[PDB]
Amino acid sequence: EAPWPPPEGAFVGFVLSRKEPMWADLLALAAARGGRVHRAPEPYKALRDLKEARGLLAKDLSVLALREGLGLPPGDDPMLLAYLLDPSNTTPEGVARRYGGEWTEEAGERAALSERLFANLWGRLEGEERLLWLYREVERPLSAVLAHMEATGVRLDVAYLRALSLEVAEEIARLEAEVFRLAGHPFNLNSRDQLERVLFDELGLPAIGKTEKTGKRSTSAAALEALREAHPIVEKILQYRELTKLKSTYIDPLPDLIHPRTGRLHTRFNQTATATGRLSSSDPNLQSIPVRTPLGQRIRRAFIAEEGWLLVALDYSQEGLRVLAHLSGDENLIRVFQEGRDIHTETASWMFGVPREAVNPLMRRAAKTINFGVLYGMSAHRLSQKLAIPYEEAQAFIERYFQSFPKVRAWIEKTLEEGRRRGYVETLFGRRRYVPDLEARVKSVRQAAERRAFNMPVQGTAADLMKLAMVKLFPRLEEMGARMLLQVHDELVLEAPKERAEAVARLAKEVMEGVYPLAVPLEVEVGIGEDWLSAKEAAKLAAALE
C-alpha cells in the first residue's frame, strides 16, 4: 500500500514465530498511519526505523528489539487502555471482537487494527480522569520497565540445579519403592486415578473429600491431611508429591531455558492478565518459585547474581493490611502501624484481653488467621474450621475483633453496598473491577462474589502502589548502573555491582516507602546477597536493627 518506512507516530504490527519474545523470530513488521499500511521488506533492519513501539503488545516487540541490541521503548498500547476500562479485557483477539476489528496473523492488518483500536479506546476514556492518570503515570511507563526486566533476565546456577536434580531423584525412587511395598504392587504415583484406587479401594481408607468437578474422591493434600498420623503410606505419598512437584516444575525445566545469547533466564511479565491489576509471570512463572519448604528454599538458592554483582531483595511488609488501614480509616489499625507495632500481637492482645507481653504463640497464630480472614469479609464458619473451635466461639471472636476495629466492619459493609449498587469496586487510584452476582439468589454464588469484591480493592491498591514504585525507581537505578530483575507482587529483586549494592538498596527502600502518602507508613524490608535466598535471609537478619 505504502513503502516502508512509515511517517512519524505510526502504529506498529508484528508477527513472531512464537509467543515468547526472547525466543521468537520476528517474521513480519508493519506500521499504519491514517489507515495506510507500510510493510517492512526485512523486519530486523526495519526495527531501526521506529522511534518507539506503539501498538498492540508493544512491550513484546520492545523486548525483542532489546534482545537485538536496539533501544526501542514501548509507547501507547490499546491493550492497556482496554484493560483499564475493564480488566476482563486481557487479549488482543477478545479486545478486537468487543471493540471492533479482528486480530489476524498478518502484520499489516495488526498495525491498522492497533491504530483504529487506539482511537476507539482513547475516545471511551474521555472524562475518565483517574483511569487516564493510571494510564499516563503508571501503565504506559511501566511497560518500558517491564521490557527492560524481561530482556535482562536473571542468572541461574545450572550446575547447582543439575546436582540438586540427582539428589532429589534418589529420594523420589526411595519413596516410590517404600510406597509400592505398602501397596503390595507397583503403580504410577503421579496418577491421581491410580492413587484413588490404591488408597480408598485396595487399602480401604476413608475418603472425605470430593474433586471440584469430576465428583471423584480427592487425593489432595487437604483430603489426605487427617489420614497422615494414622497411615504412613499417606505420609510417604505427600512427601513424594512435594518432591515431584518441585523437580518436574522447577528443578528440571529451568536449566533448559537458559538463553544462548544472554546466558540468563527470561520470564514474561504480563501487564493485562489479572482481574485485580496485579502483574502475572509466565514462560516460566517466576512469581511461583518455591520458598516455603526446605527443598523450596534450596531452589531459591539457584537464582544468583552476575559475577561481581549482588541481588537486592525488597519486600513491602504486610502491604494488604496497611492498605486496609488506609481504605477503612480504622484509627486502631492505623495506630498499630503508626507506632511500629506487630499487627498480629496487638490483635491478639485485644482478642484475648492480655498485655502484648503475655501474648503466647497460639494466641498470635489465631489473631493472624483472623487478621487475614477479614480481607475476605470475616466468615464465622471458616474461622471455626481453621481454629477448630465451636461456631459460636468463632462468632464471639469476630464480634470481639470488630469491637476493636469497627471501621473495618464499616468498610466491609460499604464495599458490598457500593458494589451492589454501582456494579463495580475500585482501588485507591480508581482502577475498576465489575463484580456480578453480588445479589445472586444462591448463597454460595453470592458469597463467592462478595469475596471478589473485597479482594480487588486491597490487592489492587497494593498492585497500583508497587507499579508506581517501579516506575519511580527504574530511572534512578539506570543512573546507578543497577538492574531491575523480578517483581513478585509485594517484592522486587534488583541486581547491582557489588560495590554499589548497598547504596542501591538504600535508594530503592526510600523510593518504595515514599511511593505515595497513606494514613500509615509503608515498611520495606531489604536484604543483599549473592543468591535470592541469601538476600531474603539477610533482610530478616537486618530487620532486627532496622
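Positions refer to the first chain, counted from 1. Rigid core (definition): largest C-alpha set, two forms, superposition within 1.5 Å. What changes on going to the form deposited in another entry:
- With the core held fixed by superposition, the comparison between the two forms singles out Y240 as the only member of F429, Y240, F118, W103 whose CA moves by at least 2 angstroms.
- After superposing the rigid core, the C-alpha of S88 moves by less than 2 Å between the two forms.
- Taking the rigid core as fixed, one finds a CA shift for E129 smaller than 2 Å between the two forms.
- After superposing the rigid core, the C-alpha of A147 moves by less than 2 Å between the two forms.
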Contents of the next structure:
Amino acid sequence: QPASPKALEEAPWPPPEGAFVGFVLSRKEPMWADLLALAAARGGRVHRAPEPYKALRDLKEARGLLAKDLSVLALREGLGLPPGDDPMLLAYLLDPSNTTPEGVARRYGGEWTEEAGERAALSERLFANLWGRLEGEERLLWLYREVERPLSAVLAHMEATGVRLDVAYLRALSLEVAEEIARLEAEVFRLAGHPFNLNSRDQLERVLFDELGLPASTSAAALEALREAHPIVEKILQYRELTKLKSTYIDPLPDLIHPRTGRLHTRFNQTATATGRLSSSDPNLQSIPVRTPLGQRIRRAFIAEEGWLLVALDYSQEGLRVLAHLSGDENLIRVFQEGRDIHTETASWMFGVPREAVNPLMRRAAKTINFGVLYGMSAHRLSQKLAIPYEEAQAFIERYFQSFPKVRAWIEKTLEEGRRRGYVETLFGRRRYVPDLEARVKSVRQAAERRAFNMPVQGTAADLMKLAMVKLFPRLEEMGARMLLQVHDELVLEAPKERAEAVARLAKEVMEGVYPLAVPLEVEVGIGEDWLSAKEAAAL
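Now show the form deposited in another entry, given that the preceding structure was the form deposited in one PDB entry.
So it's only the chain below, everything else dropped.
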C-alpha cells in the first residue's frame, strides 16, 4: 500500500492578507451563477468560508485563477472586490496557447479540480511558478502590471454592468428574418418538388444526390462545392446562413437579459485568443455580421439606459497605421502624417496619377490591398475580390510594393526572424510561437506565414486598445460613465445624456494619445440611443 499524499493544512476563515482565492460556481457564467464554495490559501494552508457570499466581504481583492469572474459575481452582489494577480494572465504572456486553467495546470503543474480549497492552493502554486518563469522578462512584467492586471478590473466592470437591449426591436427583427427563411424554404421545396425537413441530413442527401442527381455528404464544406452546381444549393446555403444568424444572434439575446439587472452581460476574456484581442461570449460580438444589412440591424438592439446615451469609438485604419510604424515605410508614414484620405492617397501613389485623377475604381483597388496586405491576401484572392484577371491583380500588388517598399521588406524580415527565433512579437514584446514556419508541407507553412506576420500587426492593435481601456476607465468612473463593449477596432461607452459630449471628446483624446507611433492614431466617435445609431454618427 502507498503512502498517503500530503494534505492541505486547514485554518479558520478569514485568511491573512495576500491569500490566494479558490471558488466553485454552479455554472461558468458568474453573473448567472451561485457561489457554491470559497476557499483561500497561503503558505500551504487553506481557509474554507462557511457561507461563501458573506466571506467575500473579508477579502480586499480576488487573487487567483479566474479572479475577474469572482469579481463579477462580487459586483453583482453589490460588493466592489477588485481582481488582482491571476496566474492565467502570467501563463498567457508566457505563451498565448495558454488559455484554460486545466491546460495551465497540466503544463505548469498541479491539476484543475472541482474543489475550492484545491483551486486556491493551485492558484498559489501556479502564481509562484509562473512568476519565477517571468523573472528577467522586463517587458512582459511591465505589460502584466500596466495592462493585463488592471484590464481585468475593467473587464469585470464591463461584464457586471452589462448592456440594455431593445426586446421589441429584436422580436420585430426576428420576424423579418423568419419571413426570409420561409421564402427560401418555399423556393427550395419548389425546386425539390416536395417539402422535406431541410435540417435533416438524411432527407437532404436523398434530394440533392438521389433525386436531383448532383455529383456525390451534406456538410457546409460539401454544399459549398455544389453552390453553383444547382440553384437549390445556393438557396439551402442562404437558408442555413439566416437560420444560424437568427438562432445565434437574435433569438437567444432576450433570454440573456438578467432578471435582477434588466441587462445583457456579455462575457469578456483576456486570455482566449491567438493574437491577444479580447474575446466575447453570449454573444460573441466578433461574429455579428459587419457589412450586411442584417448585421447592422442586430446592433440597433443594443440601447442606452433611459436618460443615457451610447458612445461608439473606433480606431481608423488601426492595422495599417501599426504596419506603417513597424515597417518604417517613409511613403506610407507620409500619407498618414499629412492626413489625407488613406485609400485615395494610396491609389495616387500606386497608379502614378495625381490625387485629383483618382477614380472610384482606383480607390477601391487601393482599399482592398490596404486591408489584404495585413493578412497576406494572395494575388488570386485579390483578382477574385476585384473581379479582374490574375495578371492585373499581380500588377497592382507590384505597384503597391513599388510605392511602399519597406512594407515588403518588413514582411520578409518578420518571417525570417520568425524562422530563426521560433516566435514573432508585438510592439510591446508579447511573443507568439510560430513553429510551423519551418513545416515541410507547403500548404501549412504558408498558412503559418500569414498568421506570423499578422501577429505583430493585430497583436499590437490589441495591446494599444487594452492600454487605452486601462487609461480611460478611471477617467470614465470620475465622470459617472460606463465602459460596456469592445470588439474589432471599437469601444462602446454609456454616459448620462448631459455628459455624453464630454465623455466622447475625452475618450477620443485618451485613445488617440495612448502610445506614440510614427503616424498619428485617429479615432472616430459617434453618440446615439443605440449602438447602430452611434456607429452611423461616427461614420458621418
